[PDB]
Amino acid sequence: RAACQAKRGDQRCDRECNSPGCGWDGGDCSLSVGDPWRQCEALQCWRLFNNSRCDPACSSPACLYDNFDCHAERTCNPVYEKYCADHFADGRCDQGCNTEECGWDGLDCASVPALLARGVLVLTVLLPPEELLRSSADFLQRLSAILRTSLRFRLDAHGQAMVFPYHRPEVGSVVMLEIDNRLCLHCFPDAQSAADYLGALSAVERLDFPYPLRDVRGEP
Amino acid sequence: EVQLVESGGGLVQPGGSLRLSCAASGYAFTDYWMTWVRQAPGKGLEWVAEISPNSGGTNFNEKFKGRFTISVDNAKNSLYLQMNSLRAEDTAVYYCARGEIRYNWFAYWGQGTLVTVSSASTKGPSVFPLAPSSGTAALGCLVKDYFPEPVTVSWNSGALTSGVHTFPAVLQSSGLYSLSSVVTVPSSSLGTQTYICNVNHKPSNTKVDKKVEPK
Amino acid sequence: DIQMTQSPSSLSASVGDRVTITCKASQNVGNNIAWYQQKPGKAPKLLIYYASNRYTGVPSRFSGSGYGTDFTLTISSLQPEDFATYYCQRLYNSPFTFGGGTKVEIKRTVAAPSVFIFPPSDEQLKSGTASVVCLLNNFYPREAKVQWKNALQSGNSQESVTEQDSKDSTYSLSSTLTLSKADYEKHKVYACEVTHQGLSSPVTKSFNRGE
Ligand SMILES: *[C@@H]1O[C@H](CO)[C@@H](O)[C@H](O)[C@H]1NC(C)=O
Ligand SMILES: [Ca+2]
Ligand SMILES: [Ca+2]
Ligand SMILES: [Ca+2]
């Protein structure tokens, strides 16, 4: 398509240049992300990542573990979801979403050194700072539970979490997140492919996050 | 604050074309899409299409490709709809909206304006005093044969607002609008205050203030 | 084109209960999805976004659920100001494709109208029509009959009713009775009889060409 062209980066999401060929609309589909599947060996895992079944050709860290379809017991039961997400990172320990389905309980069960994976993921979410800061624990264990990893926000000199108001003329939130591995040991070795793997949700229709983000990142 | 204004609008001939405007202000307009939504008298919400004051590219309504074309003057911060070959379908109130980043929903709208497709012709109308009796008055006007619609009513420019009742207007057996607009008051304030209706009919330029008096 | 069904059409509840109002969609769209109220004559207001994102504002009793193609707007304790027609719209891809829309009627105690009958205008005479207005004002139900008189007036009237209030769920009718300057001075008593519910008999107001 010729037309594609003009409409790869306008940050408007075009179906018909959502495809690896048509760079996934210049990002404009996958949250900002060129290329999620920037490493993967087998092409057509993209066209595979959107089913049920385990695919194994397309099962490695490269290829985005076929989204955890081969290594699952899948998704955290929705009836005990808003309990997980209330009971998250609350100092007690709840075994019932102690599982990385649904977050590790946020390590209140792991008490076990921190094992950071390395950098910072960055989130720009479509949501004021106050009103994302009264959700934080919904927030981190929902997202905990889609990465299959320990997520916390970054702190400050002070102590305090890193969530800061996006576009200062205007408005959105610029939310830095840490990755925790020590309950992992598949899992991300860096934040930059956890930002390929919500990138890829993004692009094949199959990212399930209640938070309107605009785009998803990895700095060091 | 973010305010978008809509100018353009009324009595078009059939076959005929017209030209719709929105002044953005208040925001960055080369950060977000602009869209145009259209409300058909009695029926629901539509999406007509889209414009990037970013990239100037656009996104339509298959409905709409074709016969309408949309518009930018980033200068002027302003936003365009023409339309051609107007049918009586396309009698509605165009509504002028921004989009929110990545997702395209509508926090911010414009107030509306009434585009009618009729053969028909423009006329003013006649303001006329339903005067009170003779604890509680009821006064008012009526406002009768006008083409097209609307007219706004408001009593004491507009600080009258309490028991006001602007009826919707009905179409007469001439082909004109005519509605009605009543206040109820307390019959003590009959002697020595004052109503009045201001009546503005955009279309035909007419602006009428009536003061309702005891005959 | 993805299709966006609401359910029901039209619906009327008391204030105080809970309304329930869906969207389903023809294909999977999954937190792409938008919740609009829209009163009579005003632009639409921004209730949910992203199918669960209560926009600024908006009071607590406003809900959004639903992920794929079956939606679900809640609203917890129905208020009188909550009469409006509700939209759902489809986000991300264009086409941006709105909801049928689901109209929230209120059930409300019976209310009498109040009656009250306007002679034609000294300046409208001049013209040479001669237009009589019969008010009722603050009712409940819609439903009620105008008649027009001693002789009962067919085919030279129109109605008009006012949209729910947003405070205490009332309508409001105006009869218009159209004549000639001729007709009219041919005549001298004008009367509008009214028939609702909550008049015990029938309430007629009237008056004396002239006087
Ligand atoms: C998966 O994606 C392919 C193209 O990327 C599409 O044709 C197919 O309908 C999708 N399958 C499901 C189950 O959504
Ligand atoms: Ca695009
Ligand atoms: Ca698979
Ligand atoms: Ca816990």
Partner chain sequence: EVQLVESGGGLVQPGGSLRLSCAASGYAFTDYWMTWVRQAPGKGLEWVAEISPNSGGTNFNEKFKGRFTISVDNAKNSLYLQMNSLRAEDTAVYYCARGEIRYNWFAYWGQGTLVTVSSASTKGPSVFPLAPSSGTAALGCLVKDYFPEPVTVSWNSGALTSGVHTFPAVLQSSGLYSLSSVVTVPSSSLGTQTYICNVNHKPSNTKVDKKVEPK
The other form holds:
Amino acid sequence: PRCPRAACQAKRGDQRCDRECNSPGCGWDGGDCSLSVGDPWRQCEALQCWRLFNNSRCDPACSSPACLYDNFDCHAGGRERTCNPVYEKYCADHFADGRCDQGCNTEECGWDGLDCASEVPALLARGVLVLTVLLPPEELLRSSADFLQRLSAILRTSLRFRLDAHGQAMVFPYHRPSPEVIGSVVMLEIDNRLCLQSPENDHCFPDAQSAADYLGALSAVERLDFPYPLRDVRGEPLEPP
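Please give the other form, namely the form deposited without the partner chain, since only the form solved in complex with the partner chain has been shown so far.
Shown below: the chain alone.
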């Protein structure tokens, strides 16, 4: 039993992050603190890396994909690490409005919702990123630009709602577990069309579950800054047509 605190057993999965249980040995409070991701560092080949993820400093031995790129500490420095708080509201409002805004045309601001790269062929990561957000579908879609801009900025790549055959967003109602609609189950595409080529420069997620892990890690170390009631994240495969 890698979880030495007894009181933690009763509290894993209760839908509440319990900070006394937020450790690898306690599975990040049974996933309550890591957006349900069991172990975000499952594939990481170096044991010290989860401890160096949150330091805003490049740790080269932790910069592999499997080690979640050291929270991009080695690929983005200085002003390029965050969208300028002063420009954020503008970028959120002009995201995917069909007109190119070069000042938002960066991976840290969300690539302007691809307004500047719309003729570049889509390059989707494998699978679908599935998010549970405690906002009903109509309310969630009412601020889809802000939601997608901020989530794109966090993942430093382009995100959008996956659409069905009739052009409708794959956003489904979420019901209170064992009734009423409490939130949304959101399905997203990850478009990596603006990613870098060289092994040293590339810092995109090749599949949905990889991006989920990174988000889970941001939550585990109290670094995720996303103004939405985000409950869980995961990657799912899709069958072929």
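Residue numbers count along the first chain shown, from 1. Only the largest set of C-alpha atoms that superpose within 1.5 Å between the two forms is called the rigid core.
Asker: Look at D208 and decide if its Cα position differs by 2 Å or more between these two forms after superposing on the rigid core.
Answerer: Comparing the forms between these two forms, which are aligned on their rigid core, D208 does not shift its C-alpha by 2 Å or more.
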